[PDB]
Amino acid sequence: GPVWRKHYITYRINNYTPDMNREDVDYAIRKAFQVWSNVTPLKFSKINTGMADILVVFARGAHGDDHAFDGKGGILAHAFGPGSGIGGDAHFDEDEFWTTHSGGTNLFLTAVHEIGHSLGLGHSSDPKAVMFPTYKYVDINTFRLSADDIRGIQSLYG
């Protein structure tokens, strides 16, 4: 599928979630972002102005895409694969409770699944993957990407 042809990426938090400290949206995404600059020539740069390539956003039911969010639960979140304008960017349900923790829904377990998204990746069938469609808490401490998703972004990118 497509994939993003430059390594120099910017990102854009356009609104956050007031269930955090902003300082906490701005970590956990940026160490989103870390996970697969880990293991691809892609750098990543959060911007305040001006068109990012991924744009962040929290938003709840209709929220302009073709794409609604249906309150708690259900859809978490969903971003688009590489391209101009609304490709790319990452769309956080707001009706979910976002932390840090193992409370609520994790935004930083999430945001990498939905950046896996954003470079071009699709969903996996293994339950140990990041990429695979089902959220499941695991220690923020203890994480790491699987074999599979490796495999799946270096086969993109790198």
The other form holds:
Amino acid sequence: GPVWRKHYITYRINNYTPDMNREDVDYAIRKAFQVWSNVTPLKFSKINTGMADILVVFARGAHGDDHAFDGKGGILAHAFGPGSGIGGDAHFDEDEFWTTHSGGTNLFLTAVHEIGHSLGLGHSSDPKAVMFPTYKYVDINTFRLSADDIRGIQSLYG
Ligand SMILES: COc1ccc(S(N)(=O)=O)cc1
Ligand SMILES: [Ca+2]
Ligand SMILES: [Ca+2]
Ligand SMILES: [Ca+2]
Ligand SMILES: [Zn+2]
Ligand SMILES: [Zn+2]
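Give me the form solved in complex with ligand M4S now, not the form solved without ligand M4S.
And the full complex, kicking off with our chain again.
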């Protein structure tokens, strides 16, 4: 499927979850992009205005695409594969409780997964992989991509 055909990728944070400190939202998203730029030729920059490649949105229920959210639990987030317009965009369910830690749903960990989709990755059948469909908390301070995630992303880039 689709991949970004350029090395400098931009992201924009459309709006901020009230569940977290603003600076923590910013850092969790930055860190999540870094996971992917660590293992590809990609470079990601936050822009504050105008059109980004990847728009990060928090929203609940019906929010203007074809992927209605479902309240607390169930689908936590979803994102669009590379492409123009909504392509690349990552949407986080406001009905989750977003956090920096193991409480609620960890924003960083979810963002690593969603950004994987934003870059062109589908789900992994390997429970060890970040791209495995089921959310399971792992220590964010020592987080590492599975071998499965690395071969997947490296099949698309670099
Ligand atoms: C690790 O990150 C995630 C993010 C989302 C989901 S899901 N498919 O909405 O339950 C699973 C894992
Ligand atoms: Ca949900
Ligand atoms: Ca986009
Ligand atoms: Ca919330
Ligand atoms: Zn959406
Ligand atoms: Zn997914």
